[PDB]
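Trainee: This is what each chain is made of:
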Amino acid sequence: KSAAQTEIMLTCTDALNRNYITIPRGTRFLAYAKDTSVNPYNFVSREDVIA
Amino acid sequence: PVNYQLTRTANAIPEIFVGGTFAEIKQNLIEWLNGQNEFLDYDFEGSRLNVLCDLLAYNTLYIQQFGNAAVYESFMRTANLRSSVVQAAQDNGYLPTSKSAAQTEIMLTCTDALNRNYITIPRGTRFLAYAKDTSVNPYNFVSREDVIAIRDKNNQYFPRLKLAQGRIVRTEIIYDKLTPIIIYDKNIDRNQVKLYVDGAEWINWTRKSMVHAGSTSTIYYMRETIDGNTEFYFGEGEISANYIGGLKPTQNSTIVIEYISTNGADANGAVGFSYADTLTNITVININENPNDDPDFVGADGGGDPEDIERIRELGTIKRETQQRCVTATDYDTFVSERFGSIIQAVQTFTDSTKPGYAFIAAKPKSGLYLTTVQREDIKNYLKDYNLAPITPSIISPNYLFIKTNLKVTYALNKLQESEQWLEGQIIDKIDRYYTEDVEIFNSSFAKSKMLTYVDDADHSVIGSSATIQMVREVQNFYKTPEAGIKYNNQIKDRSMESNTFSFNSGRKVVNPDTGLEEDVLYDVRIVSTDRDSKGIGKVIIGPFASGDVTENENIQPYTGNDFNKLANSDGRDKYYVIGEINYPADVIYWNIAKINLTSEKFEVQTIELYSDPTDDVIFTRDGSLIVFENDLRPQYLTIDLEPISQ
Numbered sequence: 103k104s105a106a107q108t109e110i111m112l113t114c115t116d117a118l119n120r121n122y123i124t125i126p127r128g129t130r131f132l133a134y135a136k137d138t139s140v141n142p143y144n145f146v147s148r149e150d151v152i153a
Numbered sequence: 005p006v007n008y009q010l011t012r013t014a015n016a017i018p019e020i021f022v023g024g025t026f027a028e029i030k031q032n033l034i035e036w037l038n039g040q041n042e043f044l045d046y047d048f049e050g051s052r053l054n055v056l057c058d059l060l061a062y063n064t065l066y067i068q069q070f071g072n073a074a075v076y077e078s079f080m081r082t083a084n085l086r087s088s089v090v091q092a093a094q095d096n097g098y099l100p101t102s103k104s105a106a107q108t109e110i111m112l113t114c115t116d117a118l119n120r121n122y123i124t125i126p127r128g129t130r131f132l133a134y135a136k137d138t139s140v141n142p143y144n145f146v147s148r149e150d151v152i153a154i155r156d157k158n159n160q161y162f163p164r165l166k167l168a169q170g171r172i173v174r175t176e177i178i179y180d181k182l183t184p185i186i187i188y189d190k191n192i193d194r195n196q197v198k199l200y201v202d203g204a205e206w207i208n209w210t211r212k213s214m215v216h217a218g219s220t221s222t223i224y225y226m227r228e229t230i231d232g233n234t235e236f237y238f239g240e241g242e243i244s254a255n256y257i258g259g260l261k262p263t264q265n266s267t268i269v270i271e272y273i274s275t276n277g278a279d280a281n282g283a284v285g286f287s288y289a290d291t292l293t294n295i296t297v298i299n300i301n302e303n304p305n306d307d308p309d310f311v312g313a314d315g316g317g318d319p320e321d322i323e324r325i326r327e328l329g330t331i332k333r334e335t336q337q338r339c340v341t342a343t344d345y346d347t348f349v350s351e352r353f354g355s356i357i358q359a360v361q362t363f364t365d366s367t368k369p370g371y372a373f374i375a376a377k378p379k380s381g382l383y384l385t386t387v388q389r390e391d392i393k394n395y396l397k398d399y400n401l402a403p404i405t406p407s408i409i410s411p412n413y414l415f416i417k418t419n420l421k422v423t424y425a426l427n428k429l430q431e432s433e434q435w436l437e438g439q440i441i442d443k444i445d446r447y448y449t450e451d452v453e454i455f456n457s458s459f460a461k462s463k464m465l466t467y468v469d470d471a472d473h474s475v476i477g478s479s480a481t482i483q484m485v486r487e488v489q490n491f492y493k494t495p496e497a498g499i500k501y502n503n504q505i506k507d508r509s510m511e512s513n514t515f516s517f518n519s520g521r522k523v524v525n526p527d528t529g530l531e532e533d534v535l536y537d538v539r540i541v542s543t544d545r546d547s548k549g550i551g552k553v554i555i556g557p558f559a560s561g562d563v564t565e566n567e568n569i570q571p572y573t574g575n576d577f578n579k580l581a582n583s584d585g586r587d588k589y590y591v592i593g594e595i596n597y598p599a600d601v602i603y604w605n606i607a608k609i610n611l612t613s614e615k616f617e618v619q620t621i622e623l624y625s626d627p628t629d630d631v632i633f634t635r636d637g638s639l640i641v642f643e644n645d646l647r648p649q650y651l652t653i654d655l656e657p658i659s660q
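Heads up: the sequence lines are chains A and B, in that order.
Heads up, the first sequence stops at 153 in UniProt numbering, and the numbers go up one at a time, no gaps.
Note that the second sequence covers residues 5 to 244, 254 to 660 in UniProt numbering.
For the record, the hints were derived by calculation from the structure and aren't laboratory data.
Ideal placement from N, C-alpha and C gives every residue a C-beta, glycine not left out.
Any given hint might turn out to be false.
[As the list claims (entries may be wrong)] Pair by pair, the computed Cβ-Cβ distance ranges are: (1) B:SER509 to A:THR113: 21 to 29 Å; (2) B:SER287 to A:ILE125: 40 to 48 Å; (3) A:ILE123 to B:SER509: 39 to 47 Å; (4) A:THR113 to B:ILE441: 55 to 63 Å; (5) A:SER104 to B:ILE441: 19 to 27 Å; (6) B:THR330 to A:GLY128: 53 to 61 Å.
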């Protein structure tokens, strides 16, 4: 079987202002994968990165 | 050496004990079993009469440990296993301070509604303190002693007292004389205990607050009985005292022990205290001054936790050199120690020849820097009772040489977990651990390479490190410097010894906008040690000057040139005034601002840093001057850069 994959660029920010914020493995997202609207599926980053 | 008769040896476990590697035991047994005795008639077999030899060798190598260990912990210097160590240190009159509690002196401003004179403030008077790490939760405090106050002028009291950490607990017991009275709890500083027997008093023996010359019986004893639980007991006396000994109870009594719970060393923070006082008309007016004494204050001190094994030993044997009395420089070092210790990291007492009497004691608290007072006066009294009568002890504190790092650890972003902050602080204590272990003590130097190897030991991701360095030594009185004092002990690397800040006052008026005027408190100054010259020379300068205030006369004519003597950055109009000597090869600094003849009132607060950078990498020490870095108290110089690497 196989799973969908994209690359999204998150614009987010932190209150602590600390440099080199991380974004760990799972970071659950959810996506409609549109047929009309209703219901999401799920998403997980699964790797690391850095900002 | 020269003559071979001087070889001798240090403490040496003889070859008699040592103990087996196994197979060497197999060798010696076979030679004793097969040889010199039997020439085997054995009925087992060719192999069995062989094989069965090591079957009893495992019996040896076993009994050569299980029973042979006893002689290791029988003696002191060679023993391991605390229990034996401690238990064998009381017959040397020591005891190892199982734990400790924080102590301060606060002055309560409170007052009463009855206005009655001589208000009291009894033993417990529960307080509570955050001992700040952030804010949340208190610990506890109890005064534990007495005091008194006095009403003067306006109706108020100043019942300044001292206080310990924990709460208290009292367990009364009937003495069976067959029943080794004990405690069992993991606590109870042996420094502060009461233990009445049904009347009062019972000042015991092992630790005196008075020594009460004569006084005969009523003493008791406190030791160990291993296990962590303290033993109390009484002497052999009779009192039908008989001759000499402890009074002993009589077959039935109420024995009231009271100790302090001593939460632990976590309480070093102190700072803000609250009343929590319910007694009588005393209002608990607050305005509580934690440090009303003297200069910079860390909060409480002490807190203990049990002493390490490597500590006890060194202090365990040396107390045979003394007997409960200090006649010697090395004695004060043992009397300023776990008895009064946990408030003092290192001592090195010495006597100055020019000034008779007056045994001088340098001390560094674990809190860092200065002992303040009443923690000093406390060290005063506990000595002078055991001291050599005419001479008075005094606490000078050492002459501190700190060092300014400015180091960069250059980690890698890939392998971290907690990233910055937590690593920013994880590098602190590792550096701090380097000082506490090697260079915390006297006569020991430090090498920045050894600091970096604890730096690179932070966790993993840190790879490489490096630092500049400057030796900082801060003058106290300033304005002068002592006679032939203020010395680094190291080569100074000329074109160094850079100023601090300073300031000026006076300079006519120079009114400003807004409000009426000002005193012209701006326009600071600062000192520079210039160059070297034909041999030492080098002079030094007080700093930038515009014009006006000075006495020029014929003896000043301010100038070193536009040569070295680097410039302070301001308008400042140069014209640096020559002040003092600073001979480079034998390290000496000399100032005496009176040379240019200014007024001390024109200067702001004294106690200014100077901090030249060293020539050689390694910084030495002598003459009872420590190099110890303490961060938490003075952050002023520590600067580190985490500049990262992405692979």
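Trainee: List, from low to high, the hint numbers that the structure doesn't satisfy.
Mentor: As far as the earlier hints go, 1, 4, 5 are violated by this structure, in ascending order.
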